[PDB]
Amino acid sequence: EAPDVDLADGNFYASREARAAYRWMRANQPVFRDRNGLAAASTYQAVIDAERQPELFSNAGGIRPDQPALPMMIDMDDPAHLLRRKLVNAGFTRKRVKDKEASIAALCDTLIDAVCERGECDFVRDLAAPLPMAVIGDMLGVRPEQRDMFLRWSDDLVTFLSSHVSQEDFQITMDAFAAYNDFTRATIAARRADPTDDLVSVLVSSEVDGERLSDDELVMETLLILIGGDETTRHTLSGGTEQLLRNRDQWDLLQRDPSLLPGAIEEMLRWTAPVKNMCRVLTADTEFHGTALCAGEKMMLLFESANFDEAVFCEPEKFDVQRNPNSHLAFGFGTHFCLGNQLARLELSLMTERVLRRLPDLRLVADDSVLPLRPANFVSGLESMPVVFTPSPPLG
């Protein structure tokens, strides 16, 4: 019998029985309808087939199941989406991202410096959560002592996207946006007058097809980057490292062979799939992999379910840093494929190599049945991950 689940309920994704539910979907009704009738593509095949038909499976209704669209790239269809993405792509060329390596590595070593003498830290609070915010913060011109304010704004906004909030939480979300809007428009004014080499400067100078980004668009697109690149990367760092620590053979492989790190990062992404789903609105009635869908309803793409689809990944519940091929969908697929995928991968690589060498005997304090996942229906991962290691002196 079908699992009795609510795919819009954050508690489903905090359950370590979600993958058992996915497995039933993939085997019995690939395009699944949950207890409330919400449609979701659970197989790798169905997700890809939906991704490849944007004119039928549109982003222009918004990518959350019961929230309207926002005027940002991820809530647009081509050709408007393509122009917006080309404009923002100025901040994410392969050259610009690769050149961040030294600065990201410095942040990684500073963060490890803050705990390496203690012999214990919360891997989430002290390493996985701060790094993505410090990288994005530095791109946006945020003073280091103000990162924590932005981290909380991002948390508030992620949480709004991850649930159906109350009025008090709707108001908190509006307040956080208002504060982010004020900050960003101040930056935009400052950089239109005296350009630097930061993200707002590059986005202001970007030109495509004779077009440029308006102030309104700069705020919206930088907000998408703030939210989209923060707590997502966090959860792959924490959850991916968790799997290295639970399977010591995997930890040991990476420690003795640095050339295995790219493959490890890909398996961390496949396993953690921080973005649990993105929605598509149907533009017409359609029979899709055996399920009738109605014009105007939203269908979820279950990226974690796809990442554990036995039709594509042999023994998907085995964490294997050497997995080849590893064509996971953590970043999605098609025209909306994650714009920050190179930056996310760079953050994950630089922090993980440093964790491996500087905390070489790292181990989890307690096991996973007690480690909670954050209840959220959009982006989710570990709340906390206490770890211990032999102390060492900082690098400075």
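Positions refer to the first chain, counted from 1. The term rigid core refers to the most C-alpha atoms you can superpose between the two forms while keeping them within 1.5 Å. First, how it differs from the form deposited in another entry.
188 is the only residue from 293, 188, 151, 227 whose Cα shifts by 2 Å or more between the two forms, the rigid core being superposed. Residue 367 is among the residues whose C-alpha shifts by 2 Å or more between the two forms once the rigid core is aligned. Core-aligned CA deviation for residue 78 between the two forms: less than 2 Å. Once you line up the core between the two forms, the Cα of residue 324 stays within less than 2 Å of where it was.
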Contents of the next structure:
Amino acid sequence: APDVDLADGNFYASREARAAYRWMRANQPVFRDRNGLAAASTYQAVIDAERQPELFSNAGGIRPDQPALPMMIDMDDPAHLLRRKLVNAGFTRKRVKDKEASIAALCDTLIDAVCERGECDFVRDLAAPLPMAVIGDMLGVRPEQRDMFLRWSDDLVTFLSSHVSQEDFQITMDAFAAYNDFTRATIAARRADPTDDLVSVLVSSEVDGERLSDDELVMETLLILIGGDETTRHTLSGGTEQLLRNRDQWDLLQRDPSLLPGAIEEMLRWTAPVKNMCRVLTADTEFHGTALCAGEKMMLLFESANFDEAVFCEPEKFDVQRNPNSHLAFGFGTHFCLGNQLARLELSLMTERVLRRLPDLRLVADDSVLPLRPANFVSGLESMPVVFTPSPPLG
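After the form deposited in one PDB entry, can we look at the form deposited in another entry?
Below you will find a single chain and nothing else.
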């Protein structure tokens, strides 16, 4: 039995995690770590828990050692559903498709800033900035404010770990206080001068039949923000790395663009930026072999599910043509990712431009293994130095 702490961010930065997952799925599908924390590791157990929200609740909060906050992802139905339908319309496949030109322009702009150099950090220069700009435009973040909001967002999720230092914990709290002050100013201004963005939509929203409190407005806005700017970035970087480490996949996708939809799904399965989500049990229950107590939280291990040999043949092989590919990177059930269509378009347009404008893109050193972020919620590549043949900007 692996001696691991599933709340320790270092576990998810270690490249031993998938070996630990394999042991869980084979010996104790609903695993208990060294501290007794329960975690569903099989595709089956995760699905079954997602399908029983009355037993596996979100109302205790989605994080292990953290109370629930006034945001829809920390809510059960009917309260959660009333919130989601306040922002549902703008995230449909058809409404997301309308933003194609805008997102494409952002992609080309970000590649223009490095194309003359012949080298860059794919994470810092392309993967991270693109979704920041996209969700920022939806939330009302000004372009000159993007880097600041992303710095706050980084500080909010980078140090989530049972082994967080006192100093790092203070960085997280300071960033939330900073975000809190700025956004409360924005919330009031959107009440005096309503605009088109999402914050303005929530500010003027009503739930049977009262307006949302300022505490909720701040938290719902943060939910959308972090969902946008701390997730897709990791599928971009980690998925592009798989194309670069298996250039037969890069080549295959290069000569046939119609394979891009399937490639995006395999990137999502492989990277699984959200490593887990918590569920609180409303009653004692025997769940797929493991006794669970009322009031304790069980983790849904999305990456473990995404490599479950019971569902995916040769899951350690990256195959852009993988069909079926019913991965659980976006989860399942009533909390199924709101921005799943937005994220897929972000990944498709950026990858399409990387293949076209950086056609000979390579890792600086294919031998070295790239470091992962030691956090217990969302995690991905810290950096990704790349090289390519320079080209003139498009303007």
